[PDB]
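Position chain B relative to chain A; hints supplied.
The chain contents come next:
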Amino acid sequence: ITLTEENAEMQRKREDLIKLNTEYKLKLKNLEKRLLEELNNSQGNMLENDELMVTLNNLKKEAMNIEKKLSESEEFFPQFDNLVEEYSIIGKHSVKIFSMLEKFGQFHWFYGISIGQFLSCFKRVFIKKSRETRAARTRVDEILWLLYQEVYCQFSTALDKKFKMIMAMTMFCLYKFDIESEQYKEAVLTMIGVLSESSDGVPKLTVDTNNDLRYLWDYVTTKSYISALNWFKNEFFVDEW
Amino acid sequence: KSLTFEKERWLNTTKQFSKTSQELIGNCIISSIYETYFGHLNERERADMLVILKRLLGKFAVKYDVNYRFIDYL
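Residue numbers (PDB author numbering), protein chains in the order written: chain A, 3532 to 3772; chain B, 3297 to 3370.
Be a bit skeptical, because a hint or two may be false.
Simulated restraints on C-beta separations [to be verified]: (1) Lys3355(B) with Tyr3756(A): 48 to 58 Å; (2) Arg3543(A) with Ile3348(B): 32 to 42 Å; (3) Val3358(B) with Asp3770(A): 55 to 65 Å; (4) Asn3761(A) with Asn3363(B): 48 to 58 Å; (5) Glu3331(B) with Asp3547(A): 23 to 33 Å; (6) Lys3350(B) with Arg3655(A): 32 to 42 Å; (7) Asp3672(A) with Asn3363(B): 25 to 35 Å; (8) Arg3745(A) with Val3358(B): 54 to 64 Å; (9) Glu3331(B) with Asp3770(A): 48 to 58 Å; (10) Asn3761(A) with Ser3327(B): 50 to 60 Å; (11) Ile3620(A) with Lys3350(B): 17 to 27 Å; (12) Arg3305(B) with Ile3710(A): 51 to 61 Å; (13) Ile3710(A) with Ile3348(B): 28 to 38 Å; (14) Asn3363(B) with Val3769(A): 41 to 51 Å.
Derived pair list, reagent style BS3-like, types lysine-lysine, alpha-carbon separation capped at 25 Å [unchecked claim]: (15) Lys3315(B) with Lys3558(A); (16) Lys3599(A) with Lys3315(B); (17) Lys3558(A) with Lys3600(A).
For the record, the hints were derived by calculation from the structure and aren't laboratory data. For each residue, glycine too, the CB sits at the ideal point set by N, CA and C.
Pulled out of the complex, with its shape left as it was, chain B reads as follows:
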């Protein structure tokens, strides 16, 4: 049928999972560090360590989601 092709392209839009499979390691690093280290830190401290961690990720070059929310990622 004609609708089968329209869903063909929609099922072939797996490029979103393809790009998601590139920043999983960095996001998991950030989430694990948030879970372990940041238990005892305040908001200013947490933000400072988040920016430190993101700069470190940039210096070592591993993909991570720029629009990252720790609450929404878990």
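Extracted from the complex, chain A is given alone in its bound form:
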């Protein structure tokens, strides 16, 4: 669905090119068998003596057409298989998101989620053409950020406030673990450990590299826990419906 919506041109090109290649192969086979049958004749008829001489020049043209179209195919299909990587990483994030939603769903009978709702949400992010937003580099990162925002704004409302903050924090960390550097992940992991008390890490800070984590340290060291929790929702840049 995502490849269709993002670029269905390459799809329809692939199907039409494959079908036309098969049609050209079969009709060239028909021409070749006709030529073989006429070759079996000593000289053939007028349709065979000179008429299929020019028809065989047409066969040359048909072979040239098949060569150029298979060249186009070998130019196009590798590009398709090259650019499916972005949609692959989208799926990589999405499967983790779905597993996390199922993990929430098994905790309480009300928090369940079906595949259809997730598919509808993923259809929606594309259907909703957001206004000029932050320059999230290329298309894949932008639509991944949109997908995270939409899965939040759709499946947050089914959770109470505690599970809302749990899911917001988990999803923000899940996004930032891959979209950012390993230092970012280590700092947020040890800070979350600091937030917990049964298990905790080493209080650590980095200067002038991760600017938001500076605000996080400011919040935590002041023992303002509610601000630390709602920071994830504040900087995740969505409105609670």
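Structure of chain B alone, referenced to chain A:
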């Protein structure tokens, strides 16, 4: 005639069948295994067993089509 030579080389381009006659065994192995084993497997499981089978084919060294599609091969 002159066109007879241009078709002479085209009919002599049977090198494509020559190379195809080298990976038939591996492709048939993969297709038969797909038909029998993979009836009850999911997409992730099917992909894992396909990569396992391809690595096994490499370890035993028998030619198989890299651009293999089970649907299109049958």
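Here is how each hint holds up against the structure:
1. For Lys3355(B) and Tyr3756(A), the hinted distance range of 48 to 58 Å is satisfied, since their beta carbons lie about 56 Å from each other.
2. Here the CB-CB span from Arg3543(A) to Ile3348(B) is close to 35 Å, well matched to the stated 32 to 42 Å.
3. Checked against the given bound of 55 to 65 Å, the beta carbons of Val3358(B) and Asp3770(A), roughly 59 Å apart, stay inside it.
4. Remark: the range hint 48 to 58 Å for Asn3761(A) to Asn3363(B) is upheld by a beta-carbon distance near 52 Å.
5. Between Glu3331(B) and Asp3547(A) the CB atoms are about 30 Å apart, so this pair conforms to the stated range of 23 to 33 Å.
6. The hinted window of 32 to 42 Å between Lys3350(B) and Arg3655(A) holds, with their beta carbons roughly 38 Å apart.
7. Judged by the Cβ atoms, the range 25 to 35 Å given for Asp3672(A) and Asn3363(B) holds: they are separated by roughly 30 Å.
8. For the hinted restraint 54 to 64 Å between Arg3745(A) and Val3358(B), the CB-CB distance of approximately 59 Å keeps it satisfied.
9. For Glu3331(B) and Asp3770(A), the Cβ-Cβ distance of about 52 Å falls inside the hinted range of 48 to 58 Å, so the restraint holds.
10. At roughly 56 Å, the beta carbons of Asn3761(A) and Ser3327(B) sit within the given window of 50 to 60 Å.
11. Distance hint check for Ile3620(A) and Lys3350(B): the Cβ-Cβ separation is about 23 Å, which falls inside the suggested range of 17 to 27 Å.
12. As the Cβ distance of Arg3305(B) to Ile3710(A) is approximately 55 Å, the hint placing it in 51 to 61 Å holds.
13. Checking the proposed 28 to 38 Å range against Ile3710(A) and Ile3348(B) shows it holds: the Cβ atoms sit about 32 Å from each other.
14. The beta-carbon spacing between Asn3363(B) and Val3769(A), approximately 43 Å, falls within the hinted interval of 41 to 51 Å.
15. Simply put, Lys3315(B) and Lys3558(A) have alpha-carbon atoms about 24 Å apart, close enough for the 25 Å limit, and the pair holds.
16. A threshold of 25 Å between alpha carbons decides the hint, and for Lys3599(A) with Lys3315(B) the separation of about 22 Å falls inside it, so the pair holds.
17. Between the alpha carbons of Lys3558(A) and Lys3600(A) the distance comes to roughly 15 Å, so the proposed pair stays at or under 25 Å and holds.
Of the numbered hints listed earlier, not one is contradicted by the structure.
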